[PDB]
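In structure tokens, one chain follows: the form deposited in one PDB entry.
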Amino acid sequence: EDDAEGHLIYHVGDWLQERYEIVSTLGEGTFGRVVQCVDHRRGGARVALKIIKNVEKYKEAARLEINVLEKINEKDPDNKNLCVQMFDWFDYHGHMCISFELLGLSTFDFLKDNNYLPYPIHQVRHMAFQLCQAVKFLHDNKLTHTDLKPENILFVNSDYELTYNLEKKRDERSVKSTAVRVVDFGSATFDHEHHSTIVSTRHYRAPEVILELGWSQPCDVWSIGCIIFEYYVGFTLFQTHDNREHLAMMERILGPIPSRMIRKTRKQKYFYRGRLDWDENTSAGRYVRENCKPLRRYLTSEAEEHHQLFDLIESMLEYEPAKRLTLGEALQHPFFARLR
């Protein structure tokens, strides 16, 4: 039973593979749905079962995802490295199904449910540290995630308490535990594997990707910089869907693009006389000037720990991928010193 768009039709209480009993729907996307199940072959443990649509290209994509997930499990037998656990996978009549550990809301959905009020700095610290650990493990194992964003980082448990923010005169939802996992390995790429030309969701996309200079592990670090900023202020760093505007936003926030990258890119339509072809005195240019500013201007406190966070973000947003902070270096940053 498939619907017109290729989704599996199910009802609460259905069993799949005489094993997975459907309890509720956790979420839905273009690729399929994730459903909460009781796994009766695992002592009744609750799992998140991803049911991919009956679509040949999605099926093929899921097989690659499964291979990355299998590599993760293999290299992490004690489940230490903060990437989601796949417990099982099967082909269910064309629908690829992947059984995952059951987690809570994504960091995006939690942020959204909290009216986009940012995470406090001590939570940003722990969340950022875990994000760096999880992706370092990937990078250590010749993998690049390529699609890191707040939607793909879930809280292990998103139970919260109401806290009052005196500065903002509002109630805030405060997650009880900041434990997180990186999910969605559908785009993850091994060093030796065919690389897609364009990767990452627009807002999180590295300049070497936009400029088609080649990409590898460092493009994840750029995304991470963008994510950490979004946790701290609550809005996306690069709110644009246009390459040239995106590049102009980078220049306003971070300063001019290095000449070597400009010289090397085939994307010469974006450039004039060796610099970005952007007129700040147009309305397009006015928009960028009014809707973003130099990176450090986003600090909400002059206290040292806030400056330390921005030191880290700034290093992660180094234009040159070979000069960019590696995650091994990031884990040693002074910003993380306050963490246990």
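Numbering follows the first chain given and starts at 1. Whichever C-alpha set is largest while still superposing within 1.5 Å between the two forms counts as the rigid core. First, how it differs from the form deposited in another entry.
In the overlay on the core between the two forms, a shift of 2 Å or more in CA position is seen for a single residue of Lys264, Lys176, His195, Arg170, which is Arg170.
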Given for the second form:
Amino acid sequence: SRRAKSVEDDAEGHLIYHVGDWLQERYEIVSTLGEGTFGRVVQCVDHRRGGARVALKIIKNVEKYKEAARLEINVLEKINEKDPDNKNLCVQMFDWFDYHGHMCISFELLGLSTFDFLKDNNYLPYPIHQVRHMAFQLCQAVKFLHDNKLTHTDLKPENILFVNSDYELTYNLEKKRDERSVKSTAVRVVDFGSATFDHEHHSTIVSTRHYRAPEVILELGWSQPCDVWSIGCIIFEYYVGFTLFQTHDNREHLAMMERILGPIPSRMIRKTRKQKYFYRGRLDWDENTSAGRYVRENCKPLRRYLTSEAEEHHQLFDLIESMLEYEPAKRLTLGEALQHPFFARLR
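Switching forms now, from the form deposited in one PDB entry to the form deposited in another entry, please provide the structure.
No partners, no molecules, just the chain.
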């Protein structure tokens, strides 16, 4: 899979390595599990612990991503300190080191992302019982971070991995097709390179677009509650199998929000420094442009996404709504979220 795509695709910063290579006379590379902006994640055998398998994030040699990693490490240090028993539901770091100039970090081996599984299943949504379990663990995992003055900032299905993504095959007679279904819905949360402590500096722009919260877009300053926005977007995505906010433009994104959730409140509209997006207390957006038609055509009021009318489904959307409250101050906290009716069945 490590084919050069272009003349611009030199091994720029990329570590030169081949399967079989040994790192620090300990870690033998077996496969490449993924790629990213930061570099690569490979599967390794830990020969110093009886051949257990691990995942090894290997960072490019570029100063931008080196610093991100430094921050990722020290967060994970802080995390293993506050919970040496590793029941938190965030991923577990084991080790970290330099090799040939590139930083490496050693995590427990997990399965595919909730995204990947979903994509590999033709976006066939998760059944509600699994949505509940995944949502629960997601909220637990992040509550933990919030309790310790942390915000993740970049939650999304790519950063929520299954412990074990082994799956049962069930053909559908009722609808004619193949349909997977994961055995164990246990998950863990990964990627702490962007995660931020309350006292540290806050980057102006923070989540992955589709999961980004209005306070961020409007540059009103953010903190713990923007994680919750993202979580709501994720939980929605799990229920219907596609992204709530499929756009790449702030104005359009704000439009979609309005269409889906109702109008943006005025406090936010006066108090933002991004006044280009508004006019006389409303979003400066024409619904009859082709953009305007696209928005109205391809998304709709939140509750029109409900399939069944069973009580448990209504509890889900109660939860989602509360999580997608426009004002961070009023938006549901994860404490409050874990107590919600929807989750009563667990605890």
